[PDB]
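First, one chain by itself in structure tokens, the form deposited without ligand NCA.
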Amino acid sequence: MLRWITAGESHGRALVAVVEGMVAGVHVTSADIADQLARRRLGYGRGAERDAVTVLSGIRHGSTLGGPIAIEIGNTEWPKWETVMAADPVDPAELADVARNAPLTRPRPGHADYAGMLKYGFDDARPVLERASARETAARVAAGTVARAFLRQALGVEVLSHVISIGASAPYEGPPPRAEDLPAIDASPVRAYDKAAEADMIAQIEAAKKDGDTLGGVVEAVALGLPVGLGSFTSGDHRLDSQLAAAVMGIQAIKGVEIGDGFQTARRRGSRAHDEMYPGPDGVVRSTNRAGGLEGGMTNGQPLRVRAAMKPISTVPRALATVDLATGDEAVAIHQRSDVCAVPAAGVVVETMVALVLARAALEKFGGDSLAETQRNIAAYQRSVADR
């Protein structure tokens, strides 16, 4: 069972990612990981630090060892926080002299702050904020890089994502491949695949920058080259729909996920809602992918299309009323990040989450303890589906 855990406060020493149960023999390197971390930093309208990667375990000579892979990602400006976020006790008196340590008692609407303080009995939002914050996705993406290596090397599968709307842009139609990642990604100020939508999004972000507001948007991860039968219909939770929603919707500020045409599907008629099958020079072929690559909770060979709706994460500078849990009096929420928009980055985080799940799925189906073995089981399975 592929498994991934994330550790770190956004201002703490470093983040760790640990990925348990990846097979031996997958080619992955520090630089692979830095690369993804770098794509995590894409996209104009962000806040938003050099993410020094050190692989601590589980990889040797660029090849996974099979045991837990720990990747530590440095938090660049930690010397600033060595006291406020020291692991060890620090004399309360010299802590008192530290502005940075001032307590944080106005929860920001939209954030963990208020709930988390109540939940944990904190008098301060710092310990919530510090874990809750999206800096954590950096760790996610690190662990991501392993799934994505695996998924490429074992299945020839590629995961990418591309922004379908930011703010109030008119949403985009029809997904990129593999080959357009360079433009969508980097290239695009907004990780837009489509020229027009790009312009409309950038326009929005502009306008939101001008108004000093923040935007969310919708991003679409696309996984290509998936074999049929990953995931299962045997339990609700084995459905890939379920697993992928859990992983995508567990991303900070994701308030919605849909598979393929999702909510729009729910408005169509059965006659126009699914992906008819026709015979194909070799295997069934479909001409639509409304289902986004999942039917019955399993991959049907079509592109997996998973879309997350990200609410705007950055608190709007002076606009959001809240309560000061010190006082009990009204207050405004102090922002803590500066992004007008993080949707493009969120895309790449969605890729991470999708990749992680796909890899776990793939490993559940094909098991194996080493890539070569997993590969042999994939080949057998593919050769056997080809029969027919």
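Shifts are known only where both forms have a C-alpha. Positions refer to the first chain, counted from 1. Just so we're on the same page, rigid core means the largest C-alpha set that superposes within 1.5 Å between forms. Compared with the form solved in complex with ligand NCA:
Just one of the listed positions, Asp181, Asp261, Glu158, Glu130, moves its Cα by at least 2 Å between these two forms when the rigid core is held fixed, and it is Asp181. Residues present in both forms were considered; between these two forms, the rigid-core fit shows Cα displacements of 2 Å or more across three or more consecutive positions at 45-48, 174-186.
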Given for the second form:
4 protein chains.
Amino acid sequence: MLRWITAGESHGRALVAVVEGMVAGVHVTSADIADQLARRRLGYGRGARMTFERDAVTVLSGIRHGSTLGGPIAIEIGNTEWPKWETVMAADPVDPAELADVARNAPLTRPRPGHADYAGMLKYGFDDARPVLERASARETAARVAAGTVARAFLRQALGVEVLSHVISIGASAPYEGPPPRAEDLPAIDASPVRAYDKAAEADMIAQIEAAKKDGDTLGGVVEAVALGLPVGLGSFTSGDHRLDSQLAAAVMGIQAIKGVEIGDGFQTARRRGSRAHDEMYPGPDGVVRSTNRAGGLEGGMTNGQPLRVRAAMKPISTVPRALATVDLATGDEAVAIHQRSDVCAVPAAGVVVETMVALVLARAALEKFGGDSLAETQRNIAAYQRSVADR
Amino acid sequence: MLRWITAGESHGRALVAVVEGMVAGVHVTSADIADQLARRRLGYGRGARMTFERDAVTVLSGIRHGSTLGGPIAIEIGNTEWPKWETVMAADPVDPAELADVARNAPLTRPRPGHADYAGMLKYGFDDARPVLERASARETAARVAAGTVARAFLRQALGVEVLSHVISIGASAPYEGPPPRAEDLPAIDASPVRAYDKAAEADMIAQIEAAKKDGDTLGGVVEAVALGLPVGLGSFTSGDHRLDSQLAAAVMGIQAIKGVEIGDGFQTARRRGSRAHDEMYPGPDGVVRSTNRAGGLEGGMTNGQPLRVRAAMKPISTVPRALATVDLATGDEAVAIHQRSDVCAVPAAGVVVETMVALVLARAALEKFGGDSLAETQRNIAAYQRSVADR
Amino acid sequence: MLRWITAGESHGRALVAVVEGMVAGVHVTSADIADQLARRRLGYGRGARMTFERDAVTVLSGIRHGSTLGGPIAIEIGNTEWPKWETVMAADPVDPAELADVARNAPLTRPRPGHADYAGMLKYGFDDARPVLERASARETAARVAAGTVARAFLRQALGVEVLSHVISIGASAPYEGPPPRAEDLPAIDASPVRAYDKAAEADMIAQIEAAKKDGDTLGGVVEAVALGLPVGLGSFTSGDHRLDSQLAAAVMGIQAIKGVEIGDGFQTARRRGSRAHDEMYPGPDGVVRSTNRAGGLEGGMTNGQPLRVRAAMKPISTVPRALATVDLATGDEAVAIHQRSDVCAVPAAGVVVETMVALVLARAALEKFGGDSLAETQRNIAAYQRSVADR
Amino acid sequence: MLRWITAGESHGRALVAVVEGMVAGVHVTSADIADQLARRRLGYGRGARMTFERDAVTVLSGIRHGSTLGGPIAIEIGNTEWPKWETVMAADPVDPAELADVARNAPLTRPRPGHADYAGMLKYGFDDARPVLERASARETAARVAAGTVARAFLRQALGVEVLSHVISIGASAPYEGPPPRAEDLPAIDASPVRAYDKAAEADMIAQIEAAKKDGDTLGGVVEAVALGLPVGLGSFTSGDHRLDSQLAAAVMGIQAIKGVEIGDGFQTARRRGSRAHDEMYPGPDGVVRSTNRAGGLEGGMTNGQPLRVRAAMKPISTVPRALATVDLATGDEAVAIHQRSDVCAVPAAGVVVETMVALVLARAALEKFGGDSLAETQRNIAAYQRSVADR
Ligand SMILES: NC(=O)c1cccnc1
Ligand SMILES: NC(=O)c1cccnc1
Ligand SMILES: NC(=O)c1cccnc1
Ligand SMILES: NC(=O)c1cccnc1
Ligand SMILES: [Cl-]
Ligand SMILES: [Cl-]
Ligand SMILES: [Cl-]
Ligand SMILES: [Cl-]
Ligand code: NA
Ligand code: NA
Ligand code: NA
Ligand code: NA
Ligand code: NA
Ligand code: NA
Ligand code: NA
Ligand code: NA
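Form deposited without ligand NCA done; form solved in complex with ligand NCA now:
Let's see the whole complex now, leading with the same chain.
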């Protein structure tokens, strides 16, 4: 089975992604990985969060001469700020007397509302929030995106599938409810300050961000990931855990700051009558065709061949300076929460991470159905299935 | 690790639930299971879907004298309609000539929009939808509820945790946005025709159902499961898959007809400014207290001690008679989809299933943190943790 | 992924096996299951352990008209002795005053050396061994064999693979070290009182059993499972857990009373020089051929196309009357262990269980490589792989 | 759950180990890791396999100031020979014309008997053995040992458990069948050229190696890992996969070149009568005591408190120069296998790897029973269990 794991602290020496169970023969390079990582730098005000200097990407294992080997793929992402943190986040012991004179090593005892700090401190018995926030930080999503690049390459090469995203709403903007983009629209989306597909929505969202920035506040939003070209029959109806919507929901809701996930029209579908809620089927040249995609490409836990549409609701992830009451756990005193990040809105970049998690799940589901140990083998199995479906 | 699996076809001989990894010493009985199963009969018009005769519950393994043994727990739920289906759904071969004279055995070749039928037929290479719909059917949720009863008993006995649900909206009703219920409110909720906690919302929802029923249409809705009494620190921030919101989203989205999941204020949180989106913390007698629960009891992937609130969006699950165009896959001809169920709205009963899936995930997470092989052992570990938290 | 789980107590109402992840379209019937279950009745003196009355087999789910459906397959095996145990092993509470008058309900507080009793009592905090021995009992292997029948059917139909076993040694017999049997030899083996393939070894083993029976003692032995017809490349070298020898060792060592597992010549291979330890390769008509199979069909974690040979060492599983000192945990007093079973040797029947566990692992590994959701799909993928190998 | 994964090719840039699910608060350092890695350099003739220059160890994540953080722990092990391989094993594409002039890049088309080469080439559709041998190589066991160090630290700190190993036999030596060593014996064992605990066996084994070295041959052997101080009740009898012997067998048999695994007296137990096969129990001051440990510390799938003894049979792992016939898969011609390693015997070093795999499994099983997210929490749970057992 395709599996992925991330490791690293935000201010540690490096991040690591390991992907296990990918077939041999998939073409992917360090440049491909760096290109996807660069897409996390996108978005109005993103420079408040990310440093200009790009981190070094190193493929440590599992790829030779631009082709996967079949074994575990380990990718390392450096931390350009490591020299500042090499004592505070040293792996090995440091003289506590030396540490006592390092202002940067001071414990953090005032948990931020909305973050892992409080519950994590209690759970792990930490008197300092540092070990919690270092691992909880959305910097970890860089490692996800490295892993996701492998999944993306597989999906394109094996199935001709493309994954992209666009932003539906930020703050109080009027949601974009038109058709999703296609792959050819990605350049324009990624050139939008808010990674919008619609110009009216783009202007509205930019205005929301400007107003929040002026007020010293922060915003969340809704993003839609779109996967095009999928075959019918990934996922299964045979049990709850095998339903592709279950798997996608796990992967997307597990992203930092995500508080909701929908497939297609989601919560709006729940407000519709059955006569207008579903996608009717009609005869077409090369099989059954639909005129609507309210289902968002999944029915009964499986891909139906329509575009897959997965929406994620992101809470505002940056703590508002001076606004939020908390408690100093060291003393029990009232306190004010201090922020770790200063960006107003991370929704556009969060979209890129949603794409990644969707790609990983889709690649896993494809390998479950089509099997194979090399790309050519998987491709033969796919072709045979496609022929058997066509011959119906 | 706590694990659960369901088996059975809707019209097969019986359903089976197996729960593996529950500690010994949890008090649970066949009567407890039957009581939870009875809660699936709740809801206005539910008798259109469920037969009056109650199915037989049999505990086959893993419980002795009302106490779990520590091994796998297998629960069987009979099918009162089996005599009608004992040939059509016979496990063993039947003379195809005999089968040819059984009208009930006719293949189903007109997939219903919104259901597993089409994709499942293609995926598994079936020329008949029967094997797909028999396993995809929400009758399988009975087996889930049997398993969930074990989880519920554990949560109550080990942690003093209660799980309940109430309905937020059905069709175009105005959503109930007030506080959630407590455990003591469950009798009144379960006595409501729409399992509502609010009388205004109840009337509105009943009206929606009446109008849909008159129009020969069907409805979905939104339900909120609520878990009370949880300790701080179930789930973790250490990776996406360990976040309790990820796990809950998987379990809830994997329920038939669910198209969206939210934690707390979910999608509305994405429309709020950071200054009003989160739950501020204040000093209190026995620790930190909050005045709001916008987070729905989870922050950074972990329980924070507030009520857990998980909302599920359900599409309308019953196919509207004569409304939906489809294709006869045998001929390629246009067709009209024929319904398998006739109930207008299954939202209230679906709430009971959401409760079950939440309970299973919570029990698994509790056993992950607190360990133990017997209830008394787990309880000692819980008490020690609670003391260590209190002593802060 | 193919998964299997067993549930049941020895004296409970029934056993249940559930197999999840088997493809649709595999031909298997209740008669096939009963036939494999009957093979557990084989062996000299087996009637000391098994009652003459055959247990009822019922397929509850996942098979229709003799063909798998693709969903979970649940098989129930009745307990003919249930009426004797229906109070002592009742699932629901019984008046403790009534129980106090039932001699059969007396707690067991004298753990048997060599069994789960002592450690299980301590682990789970039981003051009675009953709940431990009821689940630990090798009666549970009946449920394994039911599950294994599904795996066997798949292996035969998809790959033309056969799994069998023969006994190498019992007690102090001289081990049979000749070639393994082929499928056509199974009738003769199953007709042997000790399921031997060699007549000299058969006589020696029968003599050992006769001597032990006269002395009131018990015996273990060594069995070899053999799987024929496997394709090259099941399992992988990419990590320890993916090595097929790792997976087979887990499955076989997890059988009750097994204390050792070898692949091919195992421990003897460790005593040989490299010049005589391995299987040299030579040109042949339809590919590479070997003249020896010291490796037992696995090299570097993968099938090499030779017969797979897996040997299991079984300790003597029946407690010797009056021989073994133990402690009464209720009092701390010295005691003598009392036996639960009276058979001298269960090695022949244990062989049948080893076959089953090998079949389950092989079926899982085949589905991992070849994928597919229906048998025809898996078969096409297999054929394509076989062609690609042949074309080398 | 505790999980471990390794990544890396033998001649790649680096190896990586990731351990997920270890509690926070375990004291472990890069020096501890390097010390365990150094123990792989032990053994007569080991310098034929390992280069004098020690590889760099870098802890990338999951440990701060010598204490685990609770998140994933990633450890990197450098490759001192990388400059020689940086083109041949480059991750990114290299001009095939440039590669054509690099003798080191020549494909390997003559699979070695006894290795992954042949089956791996066929499985993955490789025309070159290089990608197979690079990942299959026992160099990967360095990454295992890095991960195992974390497990070892946890076992010592949480449970007072020590894991060690000694060599039982090499080639045709007379096996050492005396008592196992204790922790205090490790210095002497690690100072033995063959890591023997017995002086007679040591001399015999050294003689075997000398004779094989003179004859240009290679040897395997048998090693015993010993774990001391374990609590009663790790593992379970509730299913085959939960039996600790199953889990240990998987972990040990998954080590390169291992062809057999035994618990305690293993295969010899299968040749004994029940009256002499098991460990009788007697009253003692602080509980039940045994006078023998034929069981090797496990009964019914669980630790019984005696020393755990796990034996592994290793085939000879280095290919004998000029001895083994194979086939050139490029041409179909007969060929002779060429060796990748030149050491006569790797049994002593293999023992260190067996220790590591045992430690990982034991740590996982301990965390399953005792739970906890920090060491102090786990320790409290352990103490409470120990008290509850003592109070019996
Ligand atoms: N990159 C980010 O800052 C981010 C924040 C939240 C979710 N995903 C990504
Ligand atoms: N019981 C039901 O009919 C049902 C339908 C959809 C989801 N959950 C339960
Ligand atoms: N059927 C049996 O009695 C048995 C005993 C031990 C192992 N496998 C089967
Ligand atoms: N280090 C080694 O060479 C080795 C070989 C085989 C098994 N384990 C380790
Ligand atoms: Cl912040
Ligand atoms: Cl319907
Ligand atoms: Cl016995
Ligand atoms: Cl070699
Ligand atoms: Na390929
Ligand atoms: Na669409
Ligand atoms: Na208890
Ligand atoms: Na609330
Ligand atoms: Na088929
Ligand atoms: Na053979
Ligand atoms: Na600690
Ligand atoms: Na010992």
